[PDB]
Amino acid sequence: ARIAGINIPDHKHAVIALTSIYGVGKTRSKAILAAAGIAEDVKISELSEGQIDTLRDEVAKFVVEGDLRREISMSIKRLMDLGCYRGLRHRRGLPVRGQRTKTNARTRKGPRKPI
Amino acid sequence: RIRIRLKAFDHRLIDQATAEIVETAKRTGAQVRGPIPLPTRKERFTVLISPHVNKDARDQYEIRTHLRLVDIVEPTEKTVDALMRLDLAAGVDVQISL
Amino acid sequence: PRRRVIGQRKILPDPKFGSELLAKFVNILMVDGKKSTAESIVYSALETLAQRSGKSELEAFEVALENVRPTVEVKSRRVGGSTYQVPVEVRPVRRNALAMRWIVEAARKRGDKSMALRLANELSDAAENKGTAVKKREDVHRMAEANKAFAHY
Amino acid sequence: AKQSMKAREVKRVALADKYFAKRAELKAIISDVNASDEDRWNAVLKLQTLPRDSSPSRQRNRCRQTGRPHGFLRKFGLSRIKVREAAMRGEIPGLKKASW
Amino acid sequence: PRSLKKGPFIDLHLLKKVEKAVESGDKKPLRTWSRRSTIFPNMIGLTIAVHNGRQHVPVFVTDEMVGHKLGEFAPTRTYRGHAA
Amino acid sequence: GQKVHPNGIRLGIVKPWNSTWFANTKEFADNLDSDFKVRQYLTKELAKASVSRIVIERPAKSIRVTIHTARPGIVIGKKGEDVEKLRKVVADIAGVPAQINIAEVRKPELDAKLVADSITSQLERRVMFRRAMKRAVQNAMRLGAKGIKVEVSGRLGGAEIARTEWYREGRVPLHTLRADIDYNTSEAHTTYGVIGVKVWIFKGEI
Amino acid sequence: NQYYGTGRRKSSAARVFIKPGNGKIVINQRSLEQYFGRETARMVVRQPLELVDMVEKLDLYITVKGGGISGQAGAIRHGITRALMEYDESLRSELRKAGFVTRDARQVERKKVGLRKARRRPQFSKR
RNA sequence: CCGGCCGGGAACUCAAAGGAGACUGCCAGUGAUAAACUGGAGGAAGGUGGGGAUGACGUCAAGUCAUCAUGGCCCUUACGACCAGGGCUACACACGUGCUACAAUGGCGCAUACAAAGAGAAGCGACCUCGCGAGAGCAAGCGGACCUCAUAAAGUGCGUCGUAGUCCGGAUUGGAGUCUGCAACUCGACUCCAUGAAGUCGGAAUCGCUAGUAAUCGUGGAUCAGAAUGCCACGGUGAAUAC
RNA sequence: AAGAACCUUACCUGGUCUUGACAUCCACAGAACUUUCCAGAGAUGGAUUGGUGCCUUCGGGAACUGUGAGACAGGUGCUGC
Ligand SMILES: [Mg+2]
Ligand SMILES: [Mg+2]
Ligand SMILES: [Mg+2]
Ligand SMILES: [Mg+2]
Ligand SMILES: [Mg+2]
Ligand SMILES: [Mg+2]
Ligand SMILES: [Mg+2]
Ligand SMILES: [Mg+2]
Ligand SMILES: [Mg+2]
Ligand SMILES: [Mg+2]
Ligand SMILES: [Mg+2]
Ligand SMILES: [Mg+2]
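Chains as they are written, first to last, in PDB author numbering: chain M, 2 to 116; chain J, 5 to 102; chain G, 2 to 154; chain N, 2 to 101; chain S, 2 to 85; chain C, 2 to 207; chain I, 4 to 130.
In case anyone wonders, no lab produced these hints; they're calculated from the structure.
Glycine is no exception: its CB is placed at the ideal position from the N, C-alpha and C atoms.
Incorrect hints may have been included.
Unchecked claim - Among chain N residues calculated to face chain C with C-beta under 8 Å, some are:
hint: 1; residue: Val34
hint: 2; residue: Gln66
hint: 3; residue: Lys76
hint: 4; residue: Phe77
hint: 5; residue: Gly78
hint: 6; residue: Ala88
hint: 7; residue: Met89
hint: 8; residue: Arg90
hint: 9; residue: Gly91
hint: 10; residue: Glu92
hint: 11; residue: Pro94
hint: 12; residue: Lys97
hint: 13; residue: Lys98
Unchecked claim - The following residues of chain I were derived to be distant from chain J, with all beta-carbon distances above 10 Å:
hint: 14; residue: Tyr38
hint: 15; residue: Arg41
hint: 16; residue: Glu42
hint: 17; residue: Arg45
hint: 18; residue: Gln50
hint: 19; residue: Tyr90
hint: 20; residue: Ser96
hint: 21; residue: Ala108
hint: 22; residue: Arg130
Using the sequences and the accompanying hints, generate a full structural model.
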């Protein structure tokens with residue numbers, strides 16, 4: 002119930018639980034379970050410690066949690082200090098993939114700031 | 005077998021055409037299977053009518069391609085030349101096939 | 002409308018029981034034109050309530066409806082400054098429609114799980130005058146009683 | 002539209018027809034997958050050197066009676082306004098007002 | 002982005018300028034308009050004035066811009082903020 | 002309000018098409034452009050001859066042009082020297098062999114196009130528009146049209162506020178589709194701007 | 004001998020052949036139970052037979068095309084109705100009083116210009 | 001070789017032509033013995049059956065000189081023309097019109113049924129092989145009731161989730177990629193992996209709709225090299241209400 | 001607006017052209033056409049391999065190109081009062 006250094010829920014099925022690892026979604030969770038030979042509908046608190054060890058080994062293959070976080074952070078910071086268009090967009094906290102900013106863009110710009 | 009594809013923009017005119025097709029193919033001696041009506045292609049177009057704005061003001065035009073099929077099983081030697089010399093009225097496209 | 006409606010639309014009685022009353026109930030419960038889902042939910046609720054009580058599905062449904070059906074409602078009339086909440090007696094078709102609608106509103110607003118469970122529980126409560134539907138009927142009758150002075154109209 | 006605009010379109014059509022074959026060849030090298038890297042690179046460069054107006058995507062359909070770039074209808078080669086006028090005057094075969 | 006089968010895209014005239022400038026040493030900034038061109042590995046150290054609509058923004062090419070369009074480092078809009 | 006074209010709304014019902022050639026999506030645009038060019042050239046070169054109608058057919062890689070005209074002698078000329086040149090140029094424009102056939106138009110006073118052209122020519126010549134309109138209506142109702150409506154709109158008589166005036170006699174039921182409403186328009190380029198003439202002529206039923 | 008009828012509903016066309024037999028109903032080479040998932044559809048198919056009380060003494064061979072489940076069910080119902088019409092004319096009054104002879108002439112109304120659907124106008128605002 | 005597959009059949013569904021039908025025709029009552037109305041039979045349709053096209057004289061000196069034509073004025077080493085880059089895609093904000101949601105009438109997984117209408121020749125692209133997928137290779141067939149687009153989805157059967165900002169919800173962003181196009185940075189669509197936001201039904205106010213309509217589910221087309229949640233059509237399921 | 005990456009595009013920054021990109025008409029020269037090299041962001045300018053014909057009053061015209069003055073051409077410039 003502690004894979005890649007984080008607590009994962011014991012009450013949920015294995016596929017749903019493994020998605021709690023920052024870096025594993027449904028697809029990677031299914032791949033991990035298949036490679037470790039564990040049913041997709043089994044609940045975490047009902048796996049043998051050997052099975053959890055194998056799961057640890059599998060999830061160790063992929064970059065997750067802190068390593069992934071700092072990888073993403075160094076990619077963003079490289080964009081930043083290069084100061085290309087995407088670096089400038091990231092600095093200003095505006096949409097980065099060519100969306101419209103005349104309206105919407107609330108996810109990047111934050112909620113309404115009245116004048 | 006001889007295959008005649010008649011395409012026209014007017015059902016009356018194409019009916020005249022296919023009538024005289026069968027009359028010629030029967031005077032020549034050969035027997036005819038038809039005419040067969042194949043489904044009309046109703047090509048529809050929608051166009052704004054004002055030169056400026058007014059989006060809800062539209063005309064809807066339609067072009068009805070009527071198509072008839074003529075079959076000539078047992079194609080007599082005179083039948084073939086008669087059909088190819090017949091020279092249909094304008095407004096009909098005739099495709100001849102074997 | 003300013004003219005008059007023709008006869009009401011024909012309704013095919015539901016297959017399991019052959020009751021147009023239940024057909025109307027299914028239609029009222031239906032959402033986004035998914036009559037299959039509405040009928041399955043209604044049928045599950047009916048069998049569940051019949052099993053919990055003992056009554057036949059149809060008669061138990063009739064009892065639940067009757068405990069919710071109103072008799073007089075209030076409509077708005079204009080004279081001036083204020084409005085008249087004039088109490089008018091209801092015709093039976095509107096009675097059944099209102100009873101069904103109130104039952105379905107209460108069932109949807111209930112906090113259970115499957116809507117069949119919600120509907121069975123709500124109808125069971127109506128079978129002894131407990132649901133939000135019978136509460137709404139209570140409110141309608143006591144409002145009409147309050148406004149009874151305007152009944153003469 | 003403007004006479005200059007119509008002239009531009011004519012020039013683009015002429016260049017596309019003139020240089021069509023060479024563009025076809027070079028794009029064949031590029032999208033061929035068993036062509037050497039040197040071949041694909043030189044083909045990219047030569048396709049660059051070919052004039053831009055030769056690209057058939059550079060063209061813009063225009064109403065042949067007014068040059069209007071909007072509201073085109075490929076079946077007739079005219080914009081909506083000209084199609085409407087000719088159709089009502091009867092200058093379009095078979096076409097007539099639809100109702101269904 | 003560009004399909005990998007087609008490889009990278011460099012405009013021929015900019016490639017010529019770059020190869021001649023690199024083989025003949027440090028020179029004047031490469032005044033160029035090819036914003037759509039790719040920064041190749043042998044681009045380092047070159048100062049290139051990439052057009053942006055009215056100006057030729059100077060860009061000192063370094064290692065970490067390899068594989069990026071030169072037009073990305075020359076912004077084409079001006080913005081300082083509303084009612085500052 | 003605006004009104005539907007009395008020709009277009011009746012094309013498939015009681016009117017014919019001014020073009021009855023069949024072609025598919027490969028040929029439709031080119032044939033339409035060539036028909037437009039031929040009609041434009043014919044009208045320009047036969048402005049004097051009073052060409053009432055131009056029908057075009059394309060039997061088989063050929064173009065047949067029937068020119069319903071009010072002065073067939075004028076459009077033909079001596080023997081056929083004029084129609085021969087017209088046919089040559091029409092064939093060159095259409096890129097195919099040509100065949101010009103002149104059609105007699107009896108009574109230019111019951112044809113909407115010819116009436117409109119006459120009225121426009123008078124307007125260019127600066128005749129009073131009220132007199133031109135009254136003359137047109139009287140001529141048609143004496144030739145025996147069951148009804149006629151004439152409308153003239155624009156800067157009439159050098160006015161600076163454009164107005165519309167229309168005369169009418171008999172019946173012109175534009176709503177009935179089976180009624181024979183021959184309708185046509187023309188423009189008159191006067192020194193004070195353009196003036197539009199529209200003519201409806203109701204000639205009968207079925 | 005086989006008695007034939009044609010039913011139509013929405014855009015469904017159902018050829019229905021009836022011949023006296025053991026009460027077997029075949030729809031598109033498939034039994035009714037596993038061809039129609041809706042008990043309403045099964046009721047719709049069997050409605051004429053049960054209302055004329057001839058449910059077991061006829062055999063149905065039916066082929067239907069076009070439409071959806073309910074449209075096809077109505078097409079079947081119309082097909083049996085007409086097949087029994089041309090079987091006997093004596094049950095005509097009963098079937099009309101029931102309301103099965105009538106071909107329900109209700110199609111999907113065409114979409115119109117300036118409306119989102121048949122009648123759903125775009126949302127209006129004074130300003 | 002269970003596939004109309006082949007021989008065949010012309011019945012049937014369909015395809016397209018021509019006809020018939022519905023007219024207040026008949027009956028009853030009401031009604032100024034009139035128009036007509038309230039019903040009833042018959043009939044597929046009963047009262048202008050449903051829908052569409054059809055927009056009267058005229059009103060707003062309403063809109064368009066940027067489709068076009070056009071009087072007058074104006075520019076003409078130019079206010080015309082050519083070219084490459086950029087912008088029309090900018091964002092403290094405000095409004096309109098929509099899409100997806102806020103979940104269990106649901107989500108996900110597996111199997112499976114039922115459509116109409118349209119398109120297509122530097123075009124639609126089978127089958128097969130490869131790729132996890134966008135797609136790639138060879139490549140038939142078809143200007144077509146033949147071939148392709150193109151397995152409809154909602155629905156049904158089983159399991160799962162069990163009311164939680166959640167297997168809801170999909171924004172945003174990182175990495176890796178496919179296709180079109182000379183070229184995808186400004187500024188494309190799509191795919192895989194990852195991230196997983198706001199949102200728990202929305203104040204005053206306000207909109208659409210009386211039938212196969214609303215609601216809901218998918219499909220096609222025009223424009224188009226690529227680029228729809230828009231627009232225009234098509235079918236599937238399918239109500240409540242009108243005193 | 002039935003669909004702005006370049007085009008569209010009418011706007012902006014620069015590089016350029018002015019009887020002009022598109023029309024007639026005047027004269028002269030030259031068949032056109034095709035390919036190739038340089039410079040320039042491209043426009044555009046230098047060249048030039050090949051080509052040098054189609055009818056013929058065989059001498060010239062028909063086309064297609066450049067040049068040379070124009071009469072003009074061009075305007076998505078204003079005015080929908
Ligand atoms: Mg112009
Ligand atoms: Mg384009
Ligand atoms: Mg709209
Ligand atoms: Mg009328
Ligand atoms: Mg204005
Ligand atoms: Mg815009
Ligand atoms: Mg989800
Ligand atoms: Mg398409
Ligand atoms: Mg497209
Ligand atoms: Mg629909
Ligand atoms: Mg642009
Ligand atoms: Mg006005």
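How the hints compare with the structure:
1. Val34: violated, 33 Å
2. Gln66: holds, 6 Å
3. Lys76: At 6 Å from the nearest chain C Cβ, N/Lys76 passes the 8 Å test, so the hint holds.
4. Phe77: holds, 6 Å
5. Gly78: holds, 3 Å
6. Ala88: Result: holds, 6 Å to nearest chain C Cβ.
7. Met89: Where the cut-off is 8 Å and the nearest Cβ of chain C is about 3 Å from N/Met89, the hint holds.
8. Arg90: holds, 6 Å
9. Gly91: holds, 4 Å
10. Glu92: holds, 5 Å
11. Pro94: Because about 5 Å separates N/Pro94 from the closest Cβ in chain C, which is inside the 8 Å limit, the hint holds.
12. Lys97: holds, 4 Å
13. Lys98: holds, 6 Å
14. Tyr38: holds, 29 Å
15. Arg41: holds, 32 Å
16. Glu42: holds, 38 Å
17. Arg45: holds, 35 Å
18. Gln50: holds, 35 Å
19. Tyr90: holds, 33 Å
20. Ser96: Holds: least Cβ distance 39 Å, greater than 10 Å.
21. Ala108: holds, 22 Å
22. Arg130: The claim stands: I/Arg130 keeps its Cβ more than 10 Å from every Cβ of chain J (closest is about 18 Å).
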